[PDB]
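Participant: What follows is the residue order along each chain.
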Amino acid sequence: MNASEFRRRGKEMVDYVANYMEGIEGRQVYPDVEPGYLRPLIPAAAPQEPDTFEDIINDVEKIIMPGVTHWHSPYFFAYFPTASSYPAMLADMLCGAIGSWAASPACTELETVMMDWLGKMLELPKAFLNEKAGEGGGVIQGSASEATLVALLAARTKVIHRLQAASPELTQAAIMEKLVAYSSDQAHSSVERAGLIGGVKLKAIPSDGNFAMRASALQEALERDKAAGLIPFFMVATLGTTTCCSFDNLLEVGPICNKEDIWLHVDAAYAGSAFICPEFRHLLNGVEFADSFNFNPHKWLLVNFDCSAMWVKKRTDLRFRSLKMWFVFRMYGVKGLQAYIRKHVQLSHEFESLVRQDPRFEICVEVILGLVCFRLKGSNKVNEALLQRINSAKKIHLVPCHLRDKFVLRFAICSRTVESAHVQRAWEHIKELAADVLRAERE
Amino acid sequence: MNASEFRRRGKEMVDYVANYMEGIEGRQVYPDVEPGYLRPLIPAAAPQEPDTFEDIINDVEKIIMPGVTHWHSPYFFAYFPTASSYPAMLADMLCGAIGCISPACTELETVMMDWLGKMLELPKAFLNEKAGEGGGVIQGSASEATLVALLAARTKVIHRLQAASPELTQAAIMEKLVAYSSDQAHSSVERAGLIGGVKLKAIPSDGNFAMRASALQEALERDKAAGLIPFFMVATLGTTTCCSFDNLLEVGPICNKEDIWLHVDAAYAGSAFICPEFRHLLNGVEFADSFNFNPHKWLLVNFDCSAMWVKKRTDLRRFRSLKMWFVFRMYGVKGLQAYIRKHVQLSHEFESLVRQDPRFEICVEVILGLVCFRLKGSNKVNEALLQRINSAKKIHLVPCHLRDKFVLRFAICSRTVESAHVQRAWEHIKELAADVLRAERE
Ligand SMILES: [Cl-]
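Protein chains in written order, with PDB author numbering: chain B, 1 to 99, 104 to 322, 356 to 480; chain A, 1 to 101, 108 to 322, 355 to 480.
Think of the hints as simulated: they come from the structure by calculation, not from any bench.
Some hints here could point you the wrong way.
Unchecked claim - Taking CB as the label site, the calculated pair distances span:
(1) A:55 x B:137: 25 to 33 Å
(2) B:224 x A:66: 57 to 65 Å
(3) A:66 x B:403: 45 to 53 Å
(4) A:234 x B:39: 40 to 48 Å
(5) B:443 x A:196: 47 to 55 Å
(6) B:137 x A:200: 49 to 57 Å
(7) B:397 x A:45: 44 to 52 Å
(8) A:36 x B:52: 44 to 52 Å
(9) B:5 x A:438: 34 to 42 Å
(10) B:15 x A:48: 27 to 35 Å
(11) B:2 x A:234: 50 to 58 Å
(12) A:355 x B:37: 19 to 27 Å
What the hints assert, rightly or not - Below, a list of computed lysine-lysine pairs in the DSBU-like style, where the Cα atoms sit at most 35 Å apart:
(13) A:11 x B:124
(14) B:230 x B:136
(15) A:11 x A:380
(16) B:380 x A:372
(17) A:205 x B:182
(18) A:205 x B:205
(19) A:205 x B:62
(20) B:11 x A:124
(21) B:11 x A:372
(22) B:11 x A:380
(23) B:62 x A:62
(24) A:136 x B:62
(25) A:11 x B:372
(26) A:11 x B:432
(27) B:124 x A:62
Even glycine gets a Cβ: it sits at the ideal position worked out from N, Cα and C.
Can you make the complete structure from the sequences, with help from the hints?
Facilitator: In structure tokens:
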């Protein structure tokens, strides 16, 4: 088509997309239609002459919508990794219409500047800033896997220069075999991957009761490993674990890493966004010790998933995505972004409130952010049983996890549209099905 | 923001995009801005309260628009890695709203691959409509698709020699594996070889830059006689350098009787086989094991579009199939064929201006959409020309080396290149040519 054809249909699509996102409350979260349903609803060959815009859209409703998940719904109570906000859409449209540094000066320079905005919001210490401070600085990365690996490698080269200056006899090959990296037991798998690819030994540190790495567990490991003749050169401290909202004590672990020449990489994951809010910055005291810091701004700052921000204490050791950041940050503002996260933590506690009040359910981990780790008091069996009925119903979606030897339900409030109305309706549904589940147990 | 806000600014953005696209002739193809122009124009911190959409777009015009390469420009006469049409834009808006990475994903894929298969008049072997084993999938890029092929081949050959000799270890077999491609073949092949950890050898092309039966078999014998093991082989229709075509009918029977996986890469020109005039160049696919090309290049799908069929599926992220569906229904087979033919035509228009002129020469046969031309004389003269051109900033070309000869390429692959753009450009070449000829005299 030509341009002013596109003015019309584009403006129509805006409308279709608007309505979907308004009435999405009514859609069923999981597709209630079976593999193979689609072939016989559509012509076996392409049309010769163009179909109308009018007829295509209707097919979108009638043929496409039934066969789609609709993750964007308030009742999808898990993290939706490819979610996008409205500003992110607006940007996407433009980012598409445009399509190295020398290729795109703006794309590159915007990245550096947005990194600084992000920086300040989180109030990282000043060394981290790209603001021509000439020390530290940050970068966007494809994944939080990339990021962990980058710091790992940087960590490894560093230790080999320092150990080989020490004794010019030792080979790089001899050193590498002794290298050990650490992470909590609730470490993201992206740590294992990193260490695997970087060719070193990865060991878990036992988490404390609240699933935080607590130094005594770290120090022992250190002692056990320095004494078997291994070498510790790197470690991931996770803030906001993906299992639950667990936070590694940075204030105890940091000081140790400094003293033992262990590179400190802080994986804040998703939770990191929450440090734009003062109530949470205390979970981030200790960053002073870290050598790198990485988080995904997608879940709470509404930015494109494509983007994983990472900073470093020294720059020497180390798609048009900055445009969306720019839009989203500009269109919500820090306060809006703040109000956004805050609105979710409050629904998250609201839900916790509901679970405490019922004596058949327990809470497993202190509820700090959006997610609530709960379960039905009794066997893992009972609970496996219960998750099954919820998904079988196709009214809400929940994912589980295991803490220790315990099966857990994760209720996570991340969607842009969620209200306490939905949380209420979600609880009660869970409530009812738990009654039916409970009957069955006794048989 | 909220829904109804999207409504207002969603529409304004529609407009903004229209204008840009309408007034794209006015832009300069490559941004001309100094290192570090942006920062001073952006504030030091994020705003505390929301800015205005008015102020945001204004800043796109002022701050962003000078610092971007305008790839859509009809004057950007190189291959643009993103072909963006208007229906493609519309599916993006919907894929936006129904996040994807669901029975409708997998199924609309299978069906559009059958659609595209039927348009390319592929053997039924490669279609799943018949209920045959053959079927198609959509990949990220050709470089991925080529890798997915190679691996599938390495697996196959491994499971096959180990079936005949259980004492043989994967390790020992890999050491001897050999894959091949034309000496015009896209790097995406060398890269795949490094990841796949097999040896890669190049087959010498002919007068027309085509891989032929003689050279290929020469190579295999050489390498079999070394005790190496051929397993994979890449045939290229529409090469990167000059748009040449490996001889598929010659080469396909060889691979079969040599028990070699035949992957047929047509990344660029694959789209034109939906025209009956060009389908012959795809003859021999019958012999292939996997065929691949990029429609996002020339059929007006958005960039993350790749397509690859295999005869055997058991040999083998985004909602890409909704963008194809949209494009196809909005253009219809006719309209697409038309789009392809228009390019070819202005390609041939440019060819005959250059022949019309006695100071130039054509280097390779002008099959479809790319023209490889040259100022008569020394490479040196020709490097000057591209240096004017590229300096001028009026139009932009990417050259290449065909064997020894320096060659200027001229791609017509833009949604809105018209007959006029081709003449305004050729005038601008001749001007600069006469100059470079004047400096040759001194
Ligand atoms: Cl989180």
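Participant: Indicate, hint by hint, whether the structure satisfies it.
Facilitator: Here is what the structure says about each hint:
{"no.": "1", "hint": "A:55 x B:137: 25 to 33 Å", "in the structure": "28 Å, holds"}
{"no.": "2", "hint": "B:224 x A:66: 57 to 65 Å", "in the structure": "59 Å, holds"}
{"no.": "3", "hint": "A:66 x B:403: 45 to 53 Å", "in the structure": "51 Å, holds"}
{"no.": "4", "hint": "A:234 x B:39: 40 to 48 Å", "in the structure": "45 Å, holds"}
{"no.": "5", "hint": "B:443 x A:196: 47 to 55 Å", "in the structure": "50 Å, holds"}
{"no.": "6", "hint": "B:137 x A:200: 49 to 57 Å", "in the structure": "39 Å, violated"}
{"no.": "7", "hint": "B:397 x A:45: 44 to 52 Å", "in the structure": "49 Å, holds"}
{"no.": "8", "hint": "A:36 x B:52: 44 to 52 Å", "in the structure": "50 Å, holds"}
{"no.": "9", "hint": "B:5 x A:438: 34 to 42 Å", "in the structure": "37 Å, holds"}
{"no.": "10", "hint": "B:15 x A:48: 27 to 35 Å", "in the structure": "32 Å, holds"}
{"no.": "11", "hint": "B:2 x A:234: 50 to 58 Å", "in the structure": "56 Å, holds"}
{"no.": "12", "hint": "A:355 x B:37: 19 to 27 Å", "in the structure": "23 Å, holds"}
{"no.": "13", "hint": "A:11 x B:124", "in the structure": "33 Å, holds"}
{"no.": "14", "hint": "B:230 x B:136", "in the structure": "39 Å, violated"}
{"no.": "15", "hint": "A:11 x A:380", "in the structure": "32 Å, holds"}
{"no.": "16", "hint": "B:380 x A:372", "in the structure": "52 Å, violated"}
{"no.": "17", "hint": "A:205 x B:182", "in the structure": "33 Å, holds"}
{"no.": "18", "hint": "A:205 x B:205", "in the structure": "31 Å, holds"}
{"no.": "19", "hint": "A:205 x B:62", "in the structure": "51 Å, violated"}
{"no.": "20", "hint": "B:11 x A:124", "in the structure": "33 Å, holds"}
{"no.": "21", "hint": "B:11 x A:372", "in the structure": "26 Å, holds"}
{"no.": "22", "hint": "B:11 x A:380", "in the structure": "29 Å, holds"}
{"no.": "23", "hint": "B:62 x A:62", "in the structure": "43 Å, violated"}
{"no.": "24", "hint": "A:136 x B:62", "in the structure": "26 Å, holds"}
{"no.": "25", "hint": "A:11 x B:372", "in the structure": "26 Å, holds"}
{"no.": "26", "hint": "A:11 x B:432", "in the structure": "33 Å, holds"}
{"no.": "27", "hint": "B:124 x A:62", "in the structure": "25 Å, holds"}
The earlier numbered hints that this structure contradicts are 6, 14, 16, 19, 23.
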